[PDB]
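Read the single chain below, which is given as structure tokens and is the form deposited in one PDB entry.
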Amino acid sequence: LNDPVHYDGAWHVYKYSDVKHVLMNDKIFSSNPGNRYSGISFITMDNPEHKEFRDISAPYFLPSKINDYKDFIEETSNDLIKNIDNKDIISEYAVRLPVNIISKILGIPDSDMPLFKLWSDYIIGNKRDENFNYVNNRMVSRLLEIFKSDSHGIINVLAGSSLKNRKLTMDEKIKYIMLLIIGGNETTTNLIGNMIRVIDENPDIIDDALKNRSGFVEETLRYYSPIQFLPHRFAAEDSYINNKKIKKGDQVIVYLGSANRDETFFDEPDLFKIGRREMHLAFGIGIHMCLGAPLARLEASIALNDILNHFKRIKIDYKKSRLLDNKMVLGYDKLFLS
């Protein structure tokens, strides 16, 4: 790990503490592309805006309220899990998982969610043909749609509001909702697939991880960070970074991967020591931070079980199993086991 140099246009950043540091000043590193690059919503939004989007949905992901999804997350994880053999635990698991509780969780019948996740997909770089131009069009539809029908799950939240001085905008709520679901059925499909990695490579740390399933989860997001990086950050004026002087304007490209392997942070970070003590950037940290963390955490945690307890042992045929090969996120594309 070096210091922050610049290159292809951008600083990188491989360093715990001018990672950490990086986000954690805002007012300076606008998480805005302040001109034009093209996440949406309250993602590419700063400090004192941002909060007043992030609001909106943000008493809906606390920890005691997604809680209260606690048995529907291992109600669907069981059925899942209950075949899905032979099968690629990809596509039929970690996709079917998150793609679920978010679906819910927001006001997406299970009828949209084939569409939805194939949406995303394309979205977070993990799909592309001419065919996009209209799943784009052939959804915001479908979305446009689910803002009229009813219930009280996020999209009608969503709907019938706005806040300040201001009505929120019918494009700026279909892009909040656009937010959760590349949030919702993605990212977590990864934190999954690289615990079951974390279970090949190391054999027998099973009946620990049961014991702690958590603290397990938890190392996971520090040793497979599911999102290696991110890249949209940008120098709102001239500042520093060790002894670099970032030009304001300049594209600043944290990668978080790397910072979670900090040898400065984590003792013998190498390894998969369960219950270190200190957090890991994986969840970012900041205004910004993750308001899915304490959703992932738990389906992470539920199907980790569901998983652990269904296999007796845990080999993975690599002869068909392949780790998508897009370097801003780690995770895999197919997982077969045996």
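We call the rigid core whatever largest set of C-alpha positions still superposes within 1.5 Å between the two forms. Numbering follows the first chain given and starts at 1. First, how it differs from the form deposited in another entry.
- Just one residue from the list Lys248, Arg138, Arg213, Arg261 crosses the 2 Å line for C-alpha shift between these two forms on a rigid core fit, and it is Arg138.
- Once both forms are fitted on their core, the CA shift for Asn202 between these two forms remains under 2 Å.
- Superposed on the core, the two forms barely differ at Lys82: its CA moves less than 2 Å between these two forms.
- After superposition on the rigid core, the Cα of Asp112 moves by 2 Å or more between these two forms.
Having seen the form deposited in one PDB entry, could you now give me the structure of the form deposited in another entry?
Nothing else is written out below except the one chain.
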């Protein structure tokens, strides 16, 4: 891999130790600009205000609390995989799974599920229409009603929340929920398609995958990282990487996929090996390390198990399947088997 280069108004950072240095130094490399370049809610906040925001939901994302959702995710995954044969695995299984799970965790009522899913599609970007304005207005309306009833989910927690000498705004509550929906959907959908791609490419991996689902999910994260780069870091003060001065104000783009293929940290980076020792950076690292990582881990793990037990043979049909076009992420636009 390359030392940091500057072009198109940003530094590009590729090496694993440099990606990590940047992400671990939140006070040197900030998460929001000096102004306007557009990330919502606490993802774009710096360390102090950010912790206040993240703590509101942090306890409910511990692998401990998340695990109470295991039977629900199994039930859901099974319902959708039952009868998927011959269909688009992305739109009929991989998109639908994370959106069901997240509505359960949020506390979206049963009777609001159809509209939540339409709104969710618009908002993560899976849909674009005239209907947007209408559907957003309809969903936000329901949202306000839910905030004032109660459940055990996040909506209810955001209702009873403040942090440090100040109540949460209603725009903050919506954006908070929006950040959960947007950061957990496409990424989980992309991972599911990327695990299917590993299987397609390494057909005798299957037995080992079954014996260590976690391990297989970890190596996919490393090897076909759903998120390829994070474009939004800005130097809060001058500092040096590989003897280059990164000046205050400079945008710093950090490449996770590329860092996850660094031969300095991974022996034989271009091979798929379950049970590697070093941590991958697919979920980032530091104070912004993925809030949904335990949930994502548990969803992928059940998805793998279910996909592996449903099909005998897994060949991707490349005359109908296509990779997404966006360079920032990695996944299938559509995926058809066999």
